[PDB]
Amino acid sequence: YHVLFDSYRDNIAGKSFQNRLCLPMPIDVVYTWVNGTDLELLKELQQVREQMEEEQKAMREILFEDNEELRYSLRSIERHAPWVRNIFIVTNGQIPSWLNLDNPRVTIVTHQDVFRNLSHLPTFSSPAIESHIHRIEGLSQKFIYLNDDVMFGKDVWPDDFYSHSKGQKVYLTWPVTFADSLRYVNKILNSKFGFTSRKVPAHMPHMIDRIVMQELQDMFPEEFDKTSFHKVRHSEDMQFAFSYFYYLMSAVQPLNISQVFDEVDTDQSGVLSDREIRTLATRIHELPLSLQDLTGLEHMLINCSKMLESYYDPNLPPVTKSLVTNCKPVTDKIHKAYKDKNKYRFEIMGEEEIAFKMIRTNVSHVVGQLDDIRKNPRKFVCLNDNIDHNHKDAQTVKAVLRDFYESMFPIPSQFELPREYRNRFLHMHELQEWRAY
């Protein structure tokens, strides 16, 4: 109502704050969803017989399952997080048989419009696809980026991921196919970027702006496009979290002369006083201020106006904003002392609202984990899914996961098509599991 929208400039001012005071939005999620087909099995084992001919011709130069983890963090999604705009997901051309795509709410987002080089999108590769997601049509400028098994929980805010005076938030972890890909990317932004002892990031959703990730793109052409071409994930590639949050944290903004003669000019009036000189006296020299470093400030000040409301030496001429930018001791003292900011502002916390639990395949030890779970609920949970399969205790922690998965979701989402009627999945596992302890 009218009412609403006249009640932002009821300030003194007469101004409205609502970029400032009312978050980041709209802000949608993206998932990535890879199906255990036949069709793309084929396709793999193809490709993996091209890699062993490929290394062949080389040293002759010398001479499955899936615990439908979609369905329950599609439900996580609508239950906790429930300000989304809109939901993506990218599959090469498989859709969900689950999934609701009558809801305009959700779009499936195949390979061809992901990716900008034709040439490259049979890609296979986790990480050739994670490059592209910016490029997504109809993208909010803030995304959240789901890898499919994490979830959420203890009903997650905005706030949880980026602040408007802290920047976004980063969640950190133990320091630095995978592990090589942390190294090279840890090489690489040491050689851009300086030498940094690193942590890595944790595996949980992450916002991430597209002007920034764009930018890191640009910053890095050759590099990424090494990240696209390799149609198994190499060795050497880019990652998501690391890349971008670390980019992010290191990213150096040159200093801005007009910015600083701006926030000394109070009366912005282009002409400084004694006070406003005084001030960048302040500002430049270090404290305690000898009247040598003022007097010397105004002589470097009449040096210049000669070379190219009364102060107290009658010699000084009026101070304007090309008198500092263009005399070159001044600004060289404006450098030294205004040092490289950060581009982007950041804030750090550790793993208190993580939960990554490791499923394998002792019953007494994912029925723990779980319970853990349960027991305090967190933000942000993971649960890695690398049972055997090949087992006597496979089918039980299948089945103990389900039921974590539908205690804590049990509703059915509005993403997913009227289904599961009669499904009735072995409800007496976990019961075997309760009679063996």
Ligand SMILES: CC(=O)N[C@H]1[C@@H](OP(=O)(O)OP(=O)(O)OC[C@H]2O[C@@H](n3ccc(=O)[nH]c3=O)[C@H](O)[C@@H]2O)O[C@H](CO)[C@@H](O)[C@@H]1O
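Residue numbers count along the first chain shown, from 1. Take the two forms, find the largest set of C-alpha atoms that superpose within 1.5 Å, and that set is the rigid core. Compared with the form solved in complex with this ligand:
Aligning the rigid core between these two forms and inspecting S407, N376, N390, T37, the C-alpha positions shift by 2 Å or more at one residue, which is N390.
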Contents of the next structure:
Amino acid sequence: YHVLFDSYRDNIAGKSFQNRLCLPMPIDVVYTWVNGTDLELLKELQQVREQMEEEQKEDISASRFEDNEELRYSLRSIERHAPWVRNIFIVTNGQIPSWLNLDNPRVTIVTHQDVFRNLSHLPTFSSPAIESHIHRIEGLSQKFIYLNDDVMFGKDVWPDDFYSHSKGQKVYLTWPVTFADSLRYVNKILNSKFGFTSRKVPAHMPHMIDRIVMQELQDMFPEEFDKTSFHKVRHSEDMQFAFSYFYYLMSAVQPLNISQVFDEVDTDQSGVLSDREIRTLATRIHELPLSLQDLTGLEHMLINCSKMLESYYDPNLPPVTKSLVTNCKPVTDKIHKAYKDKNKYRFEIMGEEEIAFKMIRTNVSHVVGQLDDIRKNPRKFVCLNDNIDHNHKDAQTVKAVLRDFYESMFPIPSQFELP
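Please show me the structure of the same protein in the form solved in complex with this ligand, now that we have looked at it in the form solved without this ligand.
For this one, just the chain is written down, with no partner chains and no other molecules.
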């Protein structure tokens, strides 16, 4: 209300910090949904025949394209635990769920036609290739949550669970470093670019993605992401969606700005460094404990720069202006050496305590046990990956168990369902 709006300027500064107190909104959810239809196996079988026909002179296991009713219950989980989401985007080959309520303005189907920039990759059948273009959806919010169609919210989620203005995005990591091969390939690329370091793969969970950061990452590696889009099957040489994005967010650096250093040392907004400001600059430049020798050396460097181009204790010291510091080679050299490289983005490394990731390894008793483990300990993010044979007789029993578990957690039909 008007009283609520004026309350933001009711502080000592007489200014509104609503953009700094209210979390980044609006936020959208993007899904990648694939189904094995009558016209999808036919196009799938065209590619598989030409894969092994040339190289001599497993990825495609039907668990990559099978519906276990996971999208419907993921949408129900969003409606139940994340009611703050604005719009839902479902990215498909043109397949539309038989139960999806297209008349609902909040949910839209986005075909690969509108997503891929170069349409010579339309028969995709590859999650990394589709995900590399997931940030190009028209009308997408700058902050959006990418859902993997197996992941869903289990307990309750708020934008604070992904992003904080103070510490930036939350990065949930797991065990260190086709999926493993792609992880190692991206790890080598990041070692070449940002330097050698140890990395840990992000958890299987809804990922918050910034469109600007993702676009900058893809501009930094145009050829790698073009190759990722080119492939029609998950390959060892494609950029993993979450690993590359999060370890670019955590590794991107910003060039040091001497003007910013001067402004943050010159605390009185005068443009000239006083004795105290020179002292704090010397402290930030040299290595503690500070001695009179270091301060005298800094004074000598400033005096020499002045000769070769308020009141002070040293009578020979000129007024230390921003120009005198920026145009001084040794002082700027010391600034560049002492100041460690700063990250362009803020991030907060988290743990996997609130993430329930489980693989459905076609065993009815074990599947029931792990679903019961989810039931007893409700976690914030739940992932149920498909490792079923889909030809075994137990496959239908496993699907029934999963459907019963889903119905137990989310029985109420969502607004995205045809009545």
